[PDB]
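Given chain U, put chains G, E, H, P and C in place with the hints provided.
So you can see what is in the structure, the chains are spelled out below.
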Amino acid sequence: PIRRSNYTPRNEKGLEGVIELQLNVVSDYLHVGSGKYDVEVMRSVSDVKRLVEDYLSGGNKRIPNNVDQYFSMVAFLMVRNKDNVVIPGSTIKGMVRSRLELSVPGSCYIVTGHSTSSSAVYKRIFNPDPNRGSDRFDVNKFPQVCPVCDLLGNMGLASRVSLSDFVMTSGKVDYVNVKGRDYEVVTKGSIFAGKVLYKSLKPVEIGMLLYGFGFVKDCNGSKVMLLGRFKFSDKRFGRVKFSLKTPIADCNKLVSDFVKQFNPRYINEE
Amino acid sequence: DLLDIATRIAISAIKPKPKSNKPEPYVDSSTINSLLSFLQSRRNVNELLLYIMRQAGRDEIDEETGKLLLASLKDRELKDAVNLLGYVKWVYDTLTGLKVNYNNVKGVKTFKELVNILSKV
Amino acid sequence: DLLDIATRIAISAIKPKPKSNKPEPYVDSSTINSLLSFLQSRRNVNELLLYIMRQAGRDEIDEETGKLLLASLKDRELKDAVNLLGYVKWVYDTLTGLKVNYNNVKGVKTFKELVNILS
Amino acid sequence: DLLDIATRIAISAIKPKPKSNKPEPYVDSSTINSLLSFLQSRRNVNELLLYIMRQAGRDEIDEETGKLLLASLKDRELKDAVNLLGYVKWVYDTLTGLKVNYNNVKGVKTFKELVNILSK
Amino acid sequence: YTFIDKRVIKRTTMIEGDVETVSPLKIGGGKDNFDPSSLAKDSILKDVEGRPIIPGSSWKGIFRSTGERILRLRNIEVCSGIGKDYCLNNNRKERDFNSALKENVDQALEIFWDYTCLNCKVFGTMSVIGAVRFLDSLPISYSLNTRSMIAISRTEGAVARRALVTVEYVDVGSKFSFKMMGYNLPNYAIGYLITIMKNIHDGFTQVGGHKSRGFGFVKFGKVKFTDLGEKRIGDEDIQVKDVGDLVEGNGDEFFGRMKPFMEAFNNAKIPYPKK
Amino acid sequence: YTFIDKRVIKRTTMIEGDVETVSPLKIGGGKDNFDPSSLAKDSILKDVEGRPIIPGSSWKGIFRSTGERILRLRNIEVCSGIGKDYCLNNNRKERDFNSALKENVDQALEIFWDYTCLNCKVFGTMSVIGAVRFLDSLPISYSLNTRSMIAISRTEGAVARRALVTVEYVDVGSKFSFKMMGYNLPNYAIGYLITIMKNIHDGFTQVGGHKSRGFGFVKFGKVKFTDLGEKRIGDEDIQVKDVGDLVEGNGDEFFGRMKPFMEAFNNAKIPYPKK
Numbered sequence: 005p006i007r008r009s010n011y012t013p014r015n016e017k018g019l020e021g022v023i024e025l026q027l028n029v030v031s032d033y034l035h036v037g038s039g040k041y042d043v044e045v046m047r048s049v050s051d052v053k054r055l056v057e058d059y060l061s062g063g064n065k066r067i068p069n070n071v072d073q074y075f076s077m078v079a080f081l082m083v084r085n086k087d088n089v090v091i092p093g094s095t096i097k098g099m100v101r102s103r104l105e106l107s108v109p110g111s112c113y114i115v116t117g118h119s120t121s122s123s124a125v126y127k128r129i130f131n132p133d134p135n136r137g138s139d140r141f142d143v144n145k146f147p148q149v150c151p152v153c154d155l156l157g158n159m160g161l162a163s164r165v166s167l168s169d170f171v172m173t174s175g176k177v178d179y180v181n182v183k184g185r186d187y188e189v190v191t192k193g194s195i196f197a198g199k200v201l202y203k204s205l206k207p208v209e210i211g212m213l214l215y216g217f218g219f220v221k222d223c224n225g226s227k228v229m230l231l232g233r234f235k236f237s238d239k240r241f242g243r244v245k246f247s248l249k250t251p252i253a254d255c256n257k258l259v260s261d262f263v264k265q266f267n268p269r270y271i272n273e274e
Numbered sequence: 019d020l021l022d023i024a025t026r027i028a029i030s031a032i033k034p035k036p037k038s039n040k041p042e043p044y045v046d047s048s049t050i051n052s053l054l055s056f057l058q059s060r061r062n063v064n065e066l067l068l069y070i071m072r073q074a075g076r077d078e079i080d081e082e083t084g085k086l087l088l089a090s091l092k093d094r095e096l097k098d099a100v101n102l103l104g105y106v107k108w109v110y111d112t113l114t115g116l117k118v119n120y121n122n123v124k125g126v127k128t129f130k131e132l133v134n135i136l137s138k139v
Numbered sequence: 019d020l021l022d023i024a025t026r027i028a029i030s031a032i033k034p035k036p037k038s039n040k041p042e043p044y045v046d047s048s049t050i051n052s053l054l055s056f057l058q059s060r061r062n063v064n065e066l067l068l069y070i071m072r073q074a075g076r077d078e079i080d081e082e083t084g085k086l087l088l089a090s091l092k093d094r095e096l097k098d099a100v101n102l103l104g105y106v107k108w109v110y111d112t113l114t115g116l117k118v119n120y121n122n123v124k125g126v127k128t129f130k131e132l133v134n135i136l137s
Numbered sequence: 019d020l021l022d023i024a025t026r027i028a029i030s031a032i033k034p035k036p037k038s039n040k041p042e043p044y045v046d047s048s049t050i051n052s053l054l055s056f057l058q059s060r061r062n063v064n065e066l067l068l069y070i071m072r073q074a075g076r077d078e079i080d081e082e083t084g085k086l087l088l089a090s091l092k093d094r095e096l097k098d099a100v101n102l103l104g105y106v107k108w109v110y111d112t113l114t115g116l117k118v119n120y121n122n123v124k125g126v127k128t129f130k131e132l133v134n135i136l137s138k
Numbered sequence: 004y005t006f007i008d009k010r011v012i013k014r015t016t017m018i019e020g021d022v023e024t025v026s027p028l029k030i031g032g033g034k035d036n037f038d039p040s041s042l043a044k045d046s047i048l049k050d051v052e053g054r055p056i057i058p059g060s061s062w063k064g065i066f067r068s069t070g071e072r073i074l075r076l077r078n079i080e081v082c083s084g085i086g087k088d089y090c091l092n093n094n095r096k097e098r099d100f101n102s103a104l105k106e107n108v109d110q111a112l113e114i115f116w117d118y119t120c121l122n123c124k125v126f127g128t129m130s131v132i133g134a135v136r137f138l139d140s141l142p143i144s145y146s147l148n149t150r151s152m153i154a155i156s157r158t159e160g161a162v163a164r165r166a167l168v169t170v171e172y173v174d175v176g177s178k179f180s181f182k183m184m185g186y187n188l189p190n191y192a193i194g195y196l197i198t199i200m201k202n203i204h205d206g207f208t209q210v211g212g213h214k215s216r217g218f219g220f221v222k223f224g225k226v227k228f229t230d231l232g233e234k235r236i237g238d239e240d241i242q243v244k245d246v247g248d249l250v251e252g253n254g255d256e257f258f259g260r261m262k263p264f265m266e267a268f269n270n271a272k273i274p275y276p277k278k
Numbered sequence: 004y005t006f007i008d009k010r011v012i013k014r015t016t017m018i019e020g021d022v023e024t025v026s027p028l029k030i031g032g033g034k035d036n037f038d039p040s041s042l043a044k045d046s047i048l049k050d051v052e053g054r055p056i057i058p059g060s061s062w063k064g065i066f067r068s069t070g071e072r073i074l075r076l077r078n079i080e081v082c083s084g085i086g087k088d089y090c091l092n093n094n095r096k097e098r099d100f101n102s103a104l105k106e107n108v109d110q111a112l113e114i115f116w117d118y119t120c121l122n123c124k125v126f127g128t129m130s131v132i133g134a135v136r137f138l139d140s141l142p143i144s145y146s147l148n149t150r151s152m153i154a155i156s157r158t159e160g161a162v163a164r165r166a167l168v169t170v171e172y173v174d175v176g177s178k179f180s181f182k183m184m185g186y187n188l189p190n191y192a193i194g195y196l197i198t199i200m201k202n203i204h205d206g207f208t209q210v211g212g213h214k215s216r217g218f219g220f221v222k223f224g225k226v227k228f229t230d231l232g233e234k235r236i237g238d239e240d241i242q243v244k245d246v247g248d249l250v251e252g253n254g255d256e257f258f259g260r261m262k263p264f265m266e267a268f269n270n271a272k273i274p275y276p277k278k
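Residue numbers (the UniProt record's numbering), protein chains in the order written: chain U, 5 to 274; chain G, 19 to 139; chain E, 19 to 137; chain H, 19 to 138; chain P, 4 to 278; chain C, 4 to 278.
If you're looking for bench data, these hints aren't it; they were derived computationally from the structure. A few of these clues could be false.
[Claimed, not checked] Listed below are several chain P residues computed to face chain U (Cβ distance under 8 Å; list not exhaustive):
1. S26
2. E71
3. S151
4. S156
5. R164
6. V168
7. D174
8. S180
9. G206
10. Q209
11. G212
12. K214
13. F220
14. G224
[Unchecked claim] When the alpha-carbon atoms are kept at most 30 Å apart in a straight line, the in silico DSS-like pairs for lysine-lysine are as follows:
15. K87(P) with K63(C)
16. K278(P) with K206(U)
17. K105(P) with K9(P)
18. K214(P) with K262(P)
19. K97(G) with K222(P)
20. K199(U) with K249(U)
21. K214(C) with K178(P)
22. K40(E) with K85(H)
23. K40(G) with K65(U)
24. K127(E) with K277(C)
25. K130(E) with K92(E)
26. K63(C) with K34(C)
27. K206(U) with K40(U)
Quick reminder that beta carbons are idealized off the backbone N, C-alpha and C, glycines included.
Chain U extracted, bound-state conformation:
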């Protein structure tokens, strides 16, 4: 069921700080799309001075030009900032919210909608609960919300938390020709780093965030998490693990408190 607890005001002072995570892909095949299906022109050859567009392409149209100038064929482009592959912060927040909703017993699903597609792998790996409804609002009418909604956010209620994107410090970008078309993925050792910060949080909330970020019980190591384009219809795609790069804060006691207070349903990822 849903635990309709009263929300915590954001102005109230709890704990404020920035924790730096370290996202690593274990299955050397991770793709998060951006809706783009064009080239990325990586080399960016500026050798049009001597020949500008081949004199307006004066009836030749016979040079490979763009094909050989750069090294990006037509594929599904991954979102990147200034030629730095980045995992969207919204994607990370959605993954964390899904994990928290499926794990915390007294949680409430945020968005349900209607069922337009079926993924039996998802329905079997994670226990479905179509009965559970959704949080309503944060106005004076129904101000009490589910603990996950209070922590992360809700419509009109902000987030005591903010999840940054994840740039890569080292890795290789590769293209894979699957389902006929071509994609863009990362390789083994492709390591991502990001800074998620918490403002005005109780320690139990910190434990909840740590549990959501893969660290089910162990502070010095997380579980494997599904994330990316293909993570159900494939075995080698969508397997990532989190790790703390600056474990400067006591964490094991916090995780123990969270699991001793909420008793979250531990789950395994295929």
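Same frame as chain U, but now just chains G, E, H, P and C:
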């Protein structure tokens, strides 16, 4: 000025694609948005020219539309080219939404003429 | 003079939106304010016509209202255009506040006819 | 006469404002002065009626009050319009300053009846 | 008492800085119209020339909220500076202040010094102008990029979609022009502002929409500090060793040089709220 | 003397020029009178033709406020000018001037000369007219643009949207014709006016409605200064270097040209008020 060029390019980019029984314009209505996004992101004109040449090679821009775009963008600044691409996008969206027929408006090189065509009907 | 054109344009624009679960105008006051602000900022009548065409193509302005706007702003000066847009905005506000029904006001050609109806 | 029309419209405009914390007229003197200033600045009747209709649509003007104003100013010259507006403003100011109760002036249609009521 | 009295400007402090977007930035353009040649339907606020300026109102709000958080951390009572909730109203001294406005000015000054908070006496409150003025920001190397989000159902249909929502933002690497102006500021107050600047620069507080998704992480590069006038303002302010009238440098060096101001602000008791 | 004597006009000065808005200027006006020319929503004191003229009254108020600030900085006894007078009613010698109005005109002249502040003589206080006269500003390349601050933000709590507000300003880059004239102005008074203008130009003083949010900032690009008449007015005047009669140019070089006037005004022992 730039408005006239935009109408000529869009009207050239709305002609139906050949060898396809489906009545679709030769441009997939996302190429224009891709061009605008690429120009904004790169903030460069030569890179935009190369992107346009690649798209023309990939059988998404006809010879006439490609020639018009290259002619208009060879000697263009940054902000002026941005304005031109925005006008092109707006005109293309108008033509697509209005479901106008390329036969009805074919030899129109004046934005005023296009306005008259869209109004008098 | 300009009032009759503004009343015709507003009446054409206020007709009910099809496939709408609520009795709402086909175009909202947000579009009118956007048009007026666009004219005030850009200050280019051709750009205003292009914006009107784009809004019509975006299924925000029905084709008849778009045609009326294009005909009435085809070759107008900036001051006349802003005056007409302001008149259109005010008439739309009047119609929205009075909650008039398009089915009993569609046959209006002049401002005096609208005044007679609102009596 | 113009004064009878002015008294009638002022009476219609002095109706209590529904859903108000305090008993106050549904129409404020600021609106009347704005009407006068708008007519003086624009010097035409058409956009004056347009402004009246816009104000009526945006509350602050009773529907019957707006209807009476529109009927009165439907076909009037500029001088006649300004005379009527001045009379209306003066009558409304008298009613407000005298704190006359609406329920005692619901039946007046002329100016003489209102004068007699005020005197008595 | 020169802090409140606006008749005489005994000092003038001006901060000119550059804002570099570490994370993508999206300042809401009103989500009601897309007049210029934008990218997505939800256009950001831009000039008629297409320049995506940052409103001074956003800077003022961000600074006010960060200061509220800082003072709440320091267990210092502070007004909200919004709506009908300011400590002039909270202390029920508004009527007395209004009377003193027509009456002798010294009584009004005493009221506004004793029964008042700090944030709504620095940024300003109702019927009182703030000491600090925030200007807008004009981008230098502005870059526009867009992306889209998708709503995923939770086991109701697993993968699902209701409306393809896309957003338009400012790409990472854009550089703006940040100018903050202050009149008659106690030295400690200048520090408190520098502390707010430090919190913003370190990323503890973001700017613009989509804060939870990582939008608004900024950084200050070449930032210039100018101080002209009396150094120490008000007897209650603790004397600060002079660092000069021109402190120009990169963000780290600038903060290191401003460290005396922050330390003075930390080591200073503010009697502004009534005990 | 000649400064207060208006019977003889011995010097006429005309400062005419264009003013460019480098900030989203909004002068407001008519907030309680929403009867515009059917343009946007909020009246900004524009003529019936739709042109947002900058009121002369605002220009004066700005000039008087800036001059009061400057004089109080320079330790000059200057009061307000709203519900009182410089000395006069503020002073014990109020009815003495009224008595001397009837007979002994020279005695009244003397009373004014020794019992008034500088702004009294340059702007007029009561039954007197200032030596300077401002005019309205006509927009040349004006452009209107709206902005909405409907955002109530987190409100230091849960609610992110409670109220709504929008404003209409004048977009940047607009040009207004600025003209002001002065009669029997001594050299030091002209230098003081130039100092006020330079303070406005630099940005230390702002004109508009949302000054705290950085809305009013204007600069001069081309201003002509024509002097007709005598070079010095009173015995207290400083003999300035003869700069001619026609002074013009860009704003920076213009203010660089008026350096002798400002220098003379600063290096001028101001006799009145005697006190």
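Which constraints among the numbered hints does this structure fail? Numbers only, ascending. Per hint list: 6, 8, 11, 14, 15, 24 and 27 violated.
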